[PDB]
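Engineer: Take these sequences, add in the hints, and give me the full structure.
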Amino acid sequence: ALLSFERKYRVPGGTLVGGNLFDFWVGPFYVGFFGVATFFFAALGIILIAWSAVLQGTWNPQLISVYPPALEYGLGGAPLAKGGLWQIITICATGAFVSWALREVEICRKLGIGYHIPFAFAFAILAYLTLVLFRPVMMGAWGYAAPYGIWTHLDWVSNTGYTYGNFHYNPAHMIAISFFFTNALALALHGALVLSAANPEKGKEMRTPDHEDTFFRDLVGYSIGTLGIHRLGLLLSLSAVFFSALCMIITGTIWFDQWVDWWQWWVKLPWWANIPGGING
Amino acid sequence: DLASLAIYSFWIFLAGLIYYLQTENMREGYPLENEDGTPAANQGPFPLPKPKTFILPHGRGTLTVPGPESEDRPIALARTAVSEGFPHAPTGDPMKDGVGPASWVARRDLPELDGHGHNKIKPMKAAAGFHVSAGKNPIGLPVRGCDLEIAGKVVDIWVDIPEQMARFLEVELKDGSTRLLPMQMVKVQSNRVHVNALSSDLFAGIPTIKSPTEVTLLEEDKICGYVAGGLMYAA
Amino acid sequence: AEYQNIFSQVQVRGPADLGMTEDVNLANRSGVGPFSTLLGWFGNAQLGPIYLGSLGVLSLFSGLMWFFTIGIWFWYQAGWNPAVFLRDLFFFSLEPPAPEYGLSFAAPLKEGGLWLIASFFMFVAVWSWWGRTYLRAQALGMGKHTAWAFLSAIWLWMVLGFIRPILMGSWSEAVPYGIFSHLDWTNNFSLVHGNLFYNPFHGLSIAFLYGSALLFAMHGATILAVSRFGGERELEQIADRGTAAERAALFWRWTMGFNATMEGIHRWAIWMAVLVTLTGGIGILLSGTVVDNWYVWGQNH
Ligand code: BCL
Ligand code: BCL
Ligand code: BCL
Ligand code: BCL
Ligand SMILES: CC[C@H]1c2cc3[nH]c4c(c3C)C(=O)[C@H](C(=O)OC)c4c3nc(cc4[nH]c(cc(n2)[C@@H]1C)c(C(C)=O)c4C)[C@@H](C)[C@@H]3CCC(=O)OC/C=C(\C)CCC[C@@H](C)CCC[C@@H](C)CCCC(C)C
Ligand SMILES: CC[C@H]1c2cc3[nH]c4c(c3C)C(=O)[C@H](C(=O)OC)c4c3nc(cc4[nH]c(cc(n2)[C@@H]1C)c(C(C)=O)c4C)[C@@H](C)[C@@H]3CCC(=O)OC/C=C(\C)CCC[C@@H](C)CCC[C@@H](C)CCCC(C)C
Ligand SMILES: COC(C)(C)C(=O)C/C=C(\C)CC/C=C(\C)CC/C=C(\C)CCCC/C(C)=C/CC[C@H](C)CC/C=C(\C)CCC=C(C)C
Ligand SMILES: CCCCCCCCCCCC[N+](C)(C)[O-]
Ligand SMILES: CCCCCCCCCCCC[N+](C)(C)[O-]
Ligand SMILES: CCCCCCCCCCCC[N+](C)(C)[O-]
Ligand SMILES: CCCCCCCCCCCC[N+](C)(C)[O-]
Ligand SMILES: [Fe+3]
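Chains as they are written, first to last, in PDB author numbering: chain L, 1 to 281; chain H, 11 to 245; chain M, 1 to 301.
Since the hints were derived computationally from the structure, they do not count as laboratory data. We put the beta carbon where it would ideally sit given N, CA and C, even for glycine. Among the clues, some could well be false.
Between beta-carbon pairs, the in silico distance windows are [claimed, not checked]:
#1 L:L133 to H:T48: 46 to 56 Å
#2 M:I72 to H:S143: 35 to 45 Å
#3 H:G47 to L:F29: 17 to 27 Å
#4 L:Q258 to M:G102: 30 to 40 Å
#5 M:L191 to L:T152: 54 to 64 Å
List of simulated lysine-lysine pairs, BS3-like, C-alpha gap at most 30 Å [as the list claims (entries may be wrong)]:
#6 L:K204 to H:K60
#7 H:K60 to L:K202
#8 H:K184 to L:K202
#9 H:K184 to H:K135
#10 H:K60 to H:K106
#11 L:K202 to M:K110
#12 H:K184 to H:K146
#13 H:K62 to M:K110
#14 M:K110 to L:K268
Structural biologist: Written out as structure tokens, the structure reads:
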């Protein structure tokens, strides 16, 4: 139940709430007040979902699905069976995630590390809350929100995109995708670089960071360096999620026409709007 | 149907891969242990992988993992409860004893080397061609701890030669000796360097290094350990 | 404010670093470029040197040829008018031969010929760059991880521009060169195959793409959180585990019940990423060659 080096770190302290009340582990897991909050929110929420399963009439996870109130309840409540189950499950999910984050903070304090991980997590939570809370509210109804099921939440992505034509043309969505692809490029490179240094040609000695710099300078004439690359991955990946939330919060709110048409501001600029030739004249 | 073969084959591959990866990540810390150091009954469902050997450069040796594991240090902690899974209370001063968020590991007592074979980290004074190139130069600033008392003054930056970055500030105390602070644990301001982890009176207890122009991995771990431990143990 | 280590507080510079030598032919390295104080808040300040041997020059030149071949066409499309070229830059497109010309090289320059030319240049640019990936590692005696990985990206690219067009019997299947048009082609590809959300490879591919952001967020943040113990010195933490690597592992173990090593996390990393384009290229390759409609295929399988 402990890693060979673990015991020295398992000391009292760190907790944000409760003093020593929940200062302990179960097997590998740290608990804390927020471990308790998480179990409760998640347990309730799974229960509500398994309940919401029977009222719809399956035990198949490929079919189990839970919808927001319909479009006409606005931002009010709803019979459990017609979207209150969803509202509460959402409250549960939020409580679970925020709890998980705050528990992550408690683990940080006990371990004397920095808060970067739960801070990073908090971006993911904010993306979620954009789909299910902030966007709906700004838009006047729960019913715009994503629903909960494996294949039905895809349906929503698709219906939502196609409401604005080809969603490709959402320009914040473009920036977002760019960060996604770039982050994966950087993850492949990072993983491969470190591994190539630690696992060199058979029989040779472990290489060094200087080898890692050299390989990259050789290859593309620049190397961001070992502090830099971890800064980079973090930035790329939080930026992807930042723009993801952005691209959706502006959609159905400040812009609600076909995204392709947004690009007309560019082509319609005075100094060139009327010159003939090309694609738009 | 081909697409069906491919997808089914893929799930099998992916299960193989997760297995391989999980066992690769068992090359340290394993086998699991009871709170008293003996092998735990339950090791989980993944076996330890077959050992591999890293050839260290500059005749520094090899490393074989997994291998017989060992703290190579006394750990000043005691149980606070009669069964598995509770906190272990420091038996003395946890900053001095190096436990909790003040832990350090018994890394090799040599300094890290660059690919050329020279010490990775040097004070800048001894580093040929190295100077502050941007940002406020901290050398000369008073150093202030979390008690808002001045604990000393910055007398150099220790820099990483191959990666060209600042790694520690070297600080001089009232008594004329110096200590390293990790660069990541200070805030350089226009008229001071502030250190939120330590109060002024804890500076003297920063672990000292034995040479003034090099630091060993073991000495780095004790310094970083000790300073990080102040976040919990100072207030 | 506690300090976070996302931007350096003090930069420090010394003699340009010219690199390790190992078996590299030094005659082919440039000299150092300048130093960017800008970059150096975040990463290294030093630009270059770069290594440009023969394969390097080959790659770089075809690469530019591919690029200029598209750009000449774009200018042509714009009737040589600077203002129109800029106005319409995302709209121009260099399209492949129509279905009628099959896999042949017959089509007129202005209706596919140029496309084939640019593509030819793209092919040599990339494959030569691949080899440069392998050769630059060899000269330093390093593992071939980078080239193996790049191979996975090359896989999706080959499938889109070459393999799947060939298996389908025409070049008209391939992706056009243009900003807006390649997006249109993507949307259209999905509609015509009954919606890629029904391609199980497509959804694996997304799991990994999302997963790479999750993982790199986890890892990046983890390393910066233990950078106050020298965490980012990963090769030495692999060779001689420090308290950085221990606090890192234990953060995750306490959070989610298992953890990595300082070496292993990089294996999780390279694979999370590489599997994006692996599964991806498989999904695309199967589309229209074996499965005409993902929805349909989903209903049987
Ligand atoms: C995967 C399914 C589709 C596809 C779907 C999408 C979608 C959807 C989106 C993009 C977007 C992009 N795609 Mg595309 N893309 C495809 C395959 C490609 C290929 C290729 C050689 O196979 C290329 C070169 C590109 C290139 C691009 C860029 C224009 C843009 C950002 C890419 C990126 O960040 O990459 C890695 C990042 C790097 C920084 C490394 C490479 C650096 C530069 C930026 C690459 C650009 C090359 C190009 C020649 C420059 C334009 C010249 C003009 C003067 C502007 N795509 C396939 C066919 N692509 C996004 C966009 O903004 O489009 C407008 C977007 O939303
Ligand atoms: C037909 C579909 C439309 C389209 C319409 C949309 C729509 C609609 C949306 C996107 C969104 C996105 N699209 Mg788009 N999209 C299209 C084409 C593309 C293409 C492409 C190559 O063609 C790409 C690459 C993308 C990529 C993207 C991203 C920028 C973004 C999704 C990531 C995200 O938001 O994560 C953020 C991460 C999360 C939301 C997850 C948060 C996780 C939480 C915090 C915790 C989970 C805990 C969990 C319950 C597990 C616990 C159990 C444990 C496992 C034990 N789109 C087409 C044109 N796209 C979405 C977006 O931007 O959202 C903000 C969005 O809503
Ligand atoms: C982010 C933009 C869109 C979106 C667009 C898509 C698209 C498009 C696709 C998915 C796919 C997935 N999405 Mg979704 N998805 C959205 C928001 C969510 C949320 C959420 C709580 O906000 C969750 C939990 C999920 C979960 C999922 C998984 C079922 C699947 C793989 C994701 C993954 O690997 O991520 C990276 C994370 C990891 C590798 C960590 C592990 C995450 C595990 C696998 C989550 C399992 C959750 C479980 C099924 C349901 C709850 C568990 C219990 C009830 C507690 N999506 C929003 C609405 N999502 C893919 C799929 O295959 O769908 C069928 C796919 O193509
Ligand atoms: C409406 C559009 C369709 C759709 C149609 C497609 C199509 C079509 C494809 C994808 C593909 C993908 N889609 Mg989809 N996609 C949709 C909805 C989504 C959504 C979403 C939230 O709804 C998401 C998250 C995604 C996400 C994704 C990606 C996971 C996947 C491509 C991965 C990648 O890294 O490629 C980017 C990486 C590459 C293209 C590799 C490039 C490698 C080459 C070698 C680089 C050459 C560089 C060149 C020389 C330029 C150099 C310039 C430099 C400056 C030097 N899609 C909807 C349903 N999607 C791809 C896939 O794999 O599908 C299975 C694909 O072909
Ligand atoms: C911000 C950048 C990226 C990111 C970062 C990120 N995620 C993180 C972290 C960080 C830094 C963590 O520290 C934390 C973690 O512990 O990772 C292992 C985490 C995490 N991100 C996870 C998932 C996740 N992240 C995703 C994405 C991203 N995470 C971004 C790309 C996605 C995507 C892309 O779809 C998913 C699915 C988990 C592995 C973990 C958080 C685990 C957690 O909160 O546990 C508490 C809750 C439960 C155990 C269960 C709650 C369930 C109930 C409330 C009911 C279910 C609700 C309902 C929403 C189900 C929906 C079903 C779907 C089909 C729609
Ligand atoms: C496996 C998943 C990810 C992946 C991995 C990956 N990519 C890779 C590698 C790996 C492992 C490499 O080793 C290789 C590399 O060298 O990385 C730095 C590479 C690479 N991936 C690249 C791009 C790329 N990767 C992508 C994606 C991905 N790569 C996946 C997400 C994408 C996407 C998402 O669309 C792109 C666009 C290149 C940076 C590089 C391969 C380079 C190559 O083959 O280049 C040939 C040489 C040339 C084209 C020179 C021509 C330059 C011109 C195009 C002009 C420049 C334009 C302008 C902006 C500058 C001004 C010019 C003026 C003179 C006019
Ligand atoms: C400023 O003006 C000047 C003139 C200086 C310019 O040069 C400006 C330049 C431009 C404006 C260029 C702009 C370029 C673009 C917009 C390019 C955009 C390209 C993409 C978005 C690419 C998307 C995907 C491309 C793919 C998938 C390519 C695959 C290629 C194939 C794998 C290669 C196949 C080879 C073939 C078909 C020929 C093989 C023949 C044999 C005999 C082997
Ligand atoms: C995305 C896949 C997530 C990986 C899940 C693999 C679970 C690993 C659990 C094994 C670790 C338990 N332990 C420490 C006893 O070995
Ligand atoms: C003698 C002068 C030679 C200078 C050579 C410098 C090369 C600079 C190339 C840097 C670009 C690499 N990139 C785009 C990936 O960052
Ligand atoms: C190497 C990392 C392993 C993590 C993989 C996580 C897989 C998520 C499952 C998504 C379901 C895909 N599909 C096609 C059946 O829909
Ligand atoms: C795809 C989601 C999978 C969730 C993975 C969580 C597994 C953690 C297991 C840790 C405990 C192992 N055990 C039983 C030996 O203690
Ligand atoms: Fe790393």
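Engineer: Does the beta carbon distance between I72 (chain M) and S143 (chain H) stay inside 35 to 45 Å, or does it fall outside?
Structural biologist: For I72 (chain M) and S143 (chain H) the Cβ distance comes to about 43 Å; the hint holds.
Engineer: Holds or violated: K202 (chain L) and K110 (chain M), Cα atoms, limit 30 Å.
Structural biologist: violated (52 Å)
Engineer: Quick check on a hinted range of 17 to 27 Å for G47 (chain H) and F29 (chain L), using CB atoms only.
Structural biologist: holds (21 Å)
Engineer: Below or equal to 30 Å on CA atoms is what counts here, so check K184 (chain H) against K135 (chain H).
Structural biologist: holds (21 Å)
Engineer: Between the beta carbons of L133 (chain L) and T48 (chain H), is the distance compatible with 46 to 56 Å?
Structural biologist: Given a distance of about 50 Å, which is inside 46 to 56 Å, the answer is holds.
Engineer: Are the Cα positions of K110 (chain M) and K268 (chain L) separated by 30 Å at most?
Structural biologist: holds (28 Å)
Engineer: Holds or violated: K184 (chain H) with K202 (chain L), Cα cutoff 30 Å?
Structural biologist: Violated: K184 (chain H) and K202 (chain L) sit about 53 Å apart, past 30 Å.
Engineer: Decide if the proposed pair is consistent with the structure: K184 (chain H) and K146 (chain H), CA atoms, cutoff 30 Å inclusive.
Structural biologist: Status holds; Cα separation ~24 Å.
Engineer: Between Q258 (chain L) and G102 (chain M), does the beta-carbon spacing fit 30 to 40 Å?
Structural biologist: Because 36 Å falls inside the window, the suggested range holds.
Engineer: Hinted pair, alpha-carbon criterion (30 Å max): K62 (chain H), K110 (chain M). Please report holds or violated.
Structural biologist: At roughly 59 Å apart (the allowed maximum being 30 Å), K110 (chain M) and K62 (chain H) break the hint.
Engineer: Starting from the range 54 to 64 Å, see whether the pair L191 (chain M) and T152 (chain L) falls in it by beta-carbon distance.
Structural biologist: violated (20 Å)
Engineer: Given the hinted pair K204 (chain L) and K60 (chain H), is their alpha-carbon gap at most 30 Å?
Structural biologist: holds (20 Å)
Of the hints listed earlier, those the structure fails to meet are numbers 5, 8, 10, 11, 13, in rising order.
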